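In this view, the complex is presented without one of its protein chains, the others remaining in place.
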Amino acid sequence: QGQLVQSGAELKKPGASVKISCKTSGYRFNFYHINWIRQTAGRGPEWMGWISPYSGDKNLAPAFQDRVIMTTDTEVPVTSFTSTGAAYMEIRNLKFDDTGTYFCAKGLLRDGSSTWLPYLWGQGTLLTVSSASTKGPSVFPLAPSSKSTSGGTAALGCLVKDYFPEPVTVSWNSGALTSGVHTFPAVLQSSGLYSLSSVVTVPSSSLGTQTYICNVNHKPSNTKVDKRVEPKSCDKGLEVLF
Amino acid sequence: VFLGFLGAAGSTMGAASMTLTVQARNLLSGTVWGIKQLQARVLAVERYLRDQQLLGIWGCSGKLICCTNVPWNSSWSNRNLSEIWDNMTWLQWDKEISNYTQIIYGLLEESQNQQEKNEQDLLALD
Amino acid sequence: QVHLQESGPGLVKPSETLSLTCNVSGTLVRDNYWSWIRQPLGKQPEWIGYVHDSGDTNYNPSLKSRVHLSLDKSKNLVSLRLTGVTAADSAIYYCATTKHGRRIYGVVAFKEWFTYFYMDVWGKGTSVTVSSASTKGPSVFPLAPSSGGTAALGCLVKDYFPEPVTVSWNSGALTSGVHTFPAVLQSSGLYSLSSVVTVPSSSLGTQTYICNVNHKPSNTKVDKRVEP
Amino acid sequence: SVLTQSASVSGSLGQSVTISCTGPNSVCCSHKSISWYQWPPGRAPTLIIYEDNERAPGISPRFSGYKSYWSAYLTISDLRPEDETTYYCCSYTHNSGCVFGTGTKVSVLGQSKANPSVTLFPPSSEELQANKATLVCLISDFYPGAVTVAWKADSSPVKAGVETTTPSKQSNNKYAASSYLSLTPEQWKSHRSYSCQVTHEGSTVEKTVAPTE
Amino acid sequence: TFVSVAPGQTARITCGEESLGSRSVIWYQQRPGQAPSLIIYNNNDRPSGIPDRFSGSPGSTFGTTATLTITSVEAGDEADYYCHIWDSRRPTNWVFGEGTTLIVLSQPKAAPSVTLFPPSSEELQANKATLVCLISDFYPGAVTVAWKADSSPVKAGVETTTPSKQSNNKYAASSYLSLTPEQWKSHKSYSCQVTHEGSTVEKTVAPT
Partner (left out) sequence: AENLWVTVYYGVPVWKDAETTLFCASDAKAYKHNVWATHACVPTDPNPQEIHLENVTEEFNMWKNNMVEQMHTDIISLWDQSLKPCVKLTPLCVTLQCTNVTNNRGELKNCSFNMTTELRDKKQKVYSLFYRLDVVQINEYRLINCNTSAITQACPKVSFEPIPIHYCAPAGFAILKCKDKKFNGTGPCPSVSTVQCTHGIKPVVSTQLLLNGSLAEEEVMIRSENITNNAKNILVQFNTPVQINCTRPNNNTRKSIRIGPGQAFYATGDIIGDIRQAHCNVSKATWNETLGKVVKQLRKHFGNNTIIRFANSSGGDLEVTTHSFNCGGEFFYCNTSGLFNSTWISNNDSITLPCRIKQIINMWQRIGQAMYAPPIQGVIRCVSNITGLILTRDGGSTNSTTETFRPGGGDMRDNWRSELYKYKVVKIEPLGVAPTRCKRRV
């Protein structure tokens, strides 16, 4: 009944290494195991191993018997029944079939037959293994359109184009406008660049009463873009309302 | 494996249930200073006989563990079997049932009066 | 070597001022400490006070308001003064160098120590008598020899005030056999001493044995030739 | 994977559905335990069933399992629209690790239809000073997730620069997709209009922008 | 105070009051008729020129008097011994402690070398006459003079000094007899009878 937070998305070339962290909060970090399970789009979900922070016992799968190292830090107490901890994982000899999302999961029980069973999971850290370098996104403003003439609604958003590697998070007004947001997945082109889209459905009676600012954050390139969406549309079906 | 007095304080309730005789053996232990150790050791047997009286009026006088005929109400934190004895400590468990401690105590003694009264009816067959 | 010599009047009227001087020979009066000590006849010596350069000078608490010391660096000698003298100030005043010491018994830092002094090189000493009488010049009379292979010969000094009296033979060329005797205080108030020399009976031949007599309080120097 | 389970199975709303999960004796099921998970693609999984019959904390009693000597099953009574997702099974003991399955795509039938919402976007003014031209054709709120997109260059089929994504499930128990057309700056000013056709169960929807206006 | 020690033995001398704190006693030796000299400074530290036969009590003892120990006693050590007390509890002592004279025994008797002189020819012309009787080299210094006119003693006019040693067993005593120029030519002979320990030496003189 806690919360597991992992590190940010990183891009590593094949042959190198990557260190994925997993900080915990809300439960005794030593009372539960830390399982690590990956999933690739060619081999399905694959469990890799777990580790006990109390004793230090590890158990790696034969597929990762000679290229994955797991480490856990010491427990930092907060209350008599809760604490904070952190668990790491070091996988070496990266290949092309190692591109996927990695998860760290809290154990189920302390004693019994299912003590190491993964129950509480994290949010996952996506890992891309490629030789292409990091490319910054190009955010473009989208012109509003007419979703309903009789309903008095519209739809505006921002367009993220030609970025690498995945993924990119898109918020609005520093996380203030989260109602009606519809962020669509990206597209895999023939060159190796992704491009998604974002759009928010808002009524037409709001022009000088709300500021539209989409916050596109891409951490691998260390660049943040803040675009101002124009409330003036160009659709001939929406101009009947203005 | 005798871990010692209170040695299973941080273990599971199922594992700490194995050391119930260890914390029970060291529960009684056999001027300015003459007043302290005497007034304190008098409070020791008072604390002891208070729990032994409750243990006696529940049909549990001689037992360290005893089962009763009181249904477990779901409002007392409805955990499961494998979630209590396999993933919780006695210190962590008493905190949740701390509100309903005196509530259960009123049912165990009333159930004991009725059990022994029915035994008098059963024994009175001659 | 260090040779210290005191020289003063030797006779001071009551309720006056004594002035002494310690002629220093052997070292400088600035690189050493100096102390004056007086001693009455048949009593124990009494410390008067020490004197040194850089104003380091202390006085006897019993003689504080009367004594005044000084050092003459241009003349290399020690001085002494004593105003308002009485009959109790008649003593033998000495002059001696002083070497300081530091006796430590406690923890040093808390001033748990004291500075002690000791005089190592004394002087020949001067004699100072306090009286309201005048100085009388002595009268010297020669004693003729009279007798076994040996013969005696001497001089005489009669009627004079305070000895302080020095007697020498042949201007210091006769130091074997001389036995100068102490003076006698007659009822008139005048001392009188004698001095004899044991010489062989072959003293004839005009050896010209003459005794030299000096009296500082009267500046009297008399030479009397002794002849059989 | 060495643990084989049914790739897909259907079930109407308000009813139940059974999922198989079997394999060789080395993984199932004698002296082996079975566990189930609700794993939406791209999201975090949720433990449903652990140690054969027992449910996970916080799990509604609408789920139930059963393990024989050769296979294990999962019954989801009273189906919900949000249950239409992928389900995996694991085999484990008290000492060994986990061995996952191959994936089970559960399709909950008897649900309501949903006409797609398509909005085409012309190239922006900042993109025309690069210069490039990209048409954004977004698809949302359609069920089931199976649509095909075709582009036309002024009522003439396009066979260059066409790309479309896979249908992805949203949070409101519906599917979404997107398509893009790569065009040269010369063809954007030479064609009177461009269109984005979206086919879905025979009914084809289409939106058209006009560079001339 | 007088203390005597047989020659060759060890001598002890007490001076000053009892110690009240840490002390630094300074000892001095005063030869008869001479100036005092420094013997031992700082309780038991001897400067250059003093043998190791002299040792003083350490100033580290609280409650004992200043003791001066003299090993191997000789006749030369017969003099006065004073001490200068430097006490941390007492103020500075500007008066030396009352001395103690060392007496060297084993000196049984010495014979006085008396000498009688008649008045000079120059003094008789001054209408004065005086006899002189010199006594030296006698031990111990205890003599009594008795002048004699022929065979009758002379009463008044007798002036006699008190004995006094001169850095040796030799003491000094001078007797004088004041007469008139008519008194000298009157009697036939004058005698100076000086008694020693048990003997009596007599010298006469006759006019010419």
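Note that the chains are named A, B, C, D and E in the order they appear, and that numbering of residues resets to 1 at the start of each chain.
Criterion: a contact is a pair of C-beta atoms (placed from the backbone, for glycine too) under 8 Å apart; a residue touches a chain by one contact, two chains touch by 3 or more.
Considering the whole complex, the residue from B:51, B:110 or B:116 that touches the absent chain is B:51.
Set against the missing chain, the residues E:89, E:109, E:185 or E:188 yield one that touches it, E:89.
The residue touching the chain not shown here, chosen from A:7, A:21, A:30 or A:59, is A:30. By the touch definition given at the top, chain C reaches the unshown chain through residues 105-107, 109-110, 112, 114. Not every partner is drawn; the one left out touches chain A at residues 28, 30-31, 54, 75, 77-81, 83. Touching residues on chain E toward the chain that is not drawn are 20-22, 62-63, 87-92.
As a convention for this text, only the chains that are shown with their structure count from here on.
Chain A and chain D have Cα centroids separated by 18 Å.
One inter-chain figure worth recording: chain B and chain E are separated by 113 Å, centre to centre, where each centre is the mean of the chain's CA atoms. Taken residue by residue, chain A touches two or more other chains at 108, 115, whereas all remaining positions touch fewer. Residues of chain D found to touch two or more other chains are 51. In the complex of the two chains, the chain A residues touching chain B come out as 31, 80-81, 108-112, 115.
Within the complex formed with chain E, the residues of chain C that make contact are 37, 44-48, 60-62, 94, 101, 103, 105, 114, 116, 118-120, 122-125, 139, 141-144, 146, 152, 154, 156, 158, 179, 181-184, 186, 192-194, 196. Residues 80, 82-83 of chain B are the ones that touch chain D when the two sit in their complex.
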